[PDB]
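2 protein chains.
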Amino acid sequence: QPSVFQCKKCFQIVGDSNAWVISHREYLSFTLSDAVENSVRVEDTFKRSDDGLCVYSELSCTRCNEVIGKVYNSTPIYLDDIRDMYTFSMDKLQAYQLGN
Amino acid sequence: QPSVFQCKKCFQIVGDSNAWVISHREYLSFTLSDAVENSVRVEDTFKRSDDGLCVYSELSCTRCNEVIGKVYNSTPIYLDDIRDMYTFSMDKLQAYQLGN
Ligand SMILES: [Zn+2]
Ligand SMILES: [Zn+2]
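Chains as they are written, first to last, in the authors' numbering: chain A, 19 to 118; chain B, 19 to 118.
A hint or two may mislead.
Given that identical chains are not distinguished, each listed pair holds provided it fits within a single copy or across any two copies.
When the alpha-carbon atoms are kept at most 30 Å apart in a straight line, the in silico DSS-like pairs for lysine-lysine are as follows [claimed, not checked]:
(1) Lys110 / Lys26
(2) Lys110 / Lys65
(3) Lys26 / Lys65
Hints in this document: simulated from the structure, not taken from any laboratory.
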């Protein structure tokens with residue numbers, strides 16, 4: 019049964035499992051191939067990762083302007099699958115699993 | 019593909035399809051056999067239907083106190099399928115269909 023993902027603050031649906039790619043328990047994050055277009059804004063600034071191998075732009079929630087994850091623009095070879103995809107911080111989102 | 023239903027005001031998920039019973043095109047409403055536990059509050063007043071064949075109590079969104087529908091407590095025999103069941107007003111809700 020699929021889950022839907024929401025901003026924790028305002029409760030805007032950012033996207034669902036189904037468009038899921040991969041999770042990183044190390045990073046405390048998960049990555050979707052797709053997101054709700056109006057719910058999410060990728061910011062117009064490139065920031066250094068902490069490591070700092072990667073380059074990303076923040077994605078903010080459209081409703082409450084929380085920084086809820088990252089779009090990774092440049093990556094090493096091993097982090098290619100999260101590149102140009104929607105990476106959400108677990109800390110910032112909640113999941114609703116459907117019934118039945 | 020399933021949908022998920024939220025209050026229009028606060029974005030609280032009140033329930034998903036799958037727990038759906040029936041829809042009425044005439045009155046802008048639909049009916050679910052289930053709702054999210056603390057999502058919804060059924061009020062302490064018995065009100066007459068518009069006809070008024072039925073008796074209902076209002077259901078309110080827990081977070082924002084919007085009247086988003088009705089729990090029909092008493093019905094004629096043909097409207098038994100919606101009795102003791104969660105009837106949401108379409109006007110007060112919004113749907114999110116899952117992708118893929
Ligand atoms: Zn938000
Ligand atoms: Zn609400």
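Exercise. Can you list which hints this structure breaks, lowest number first?
Worked result: none
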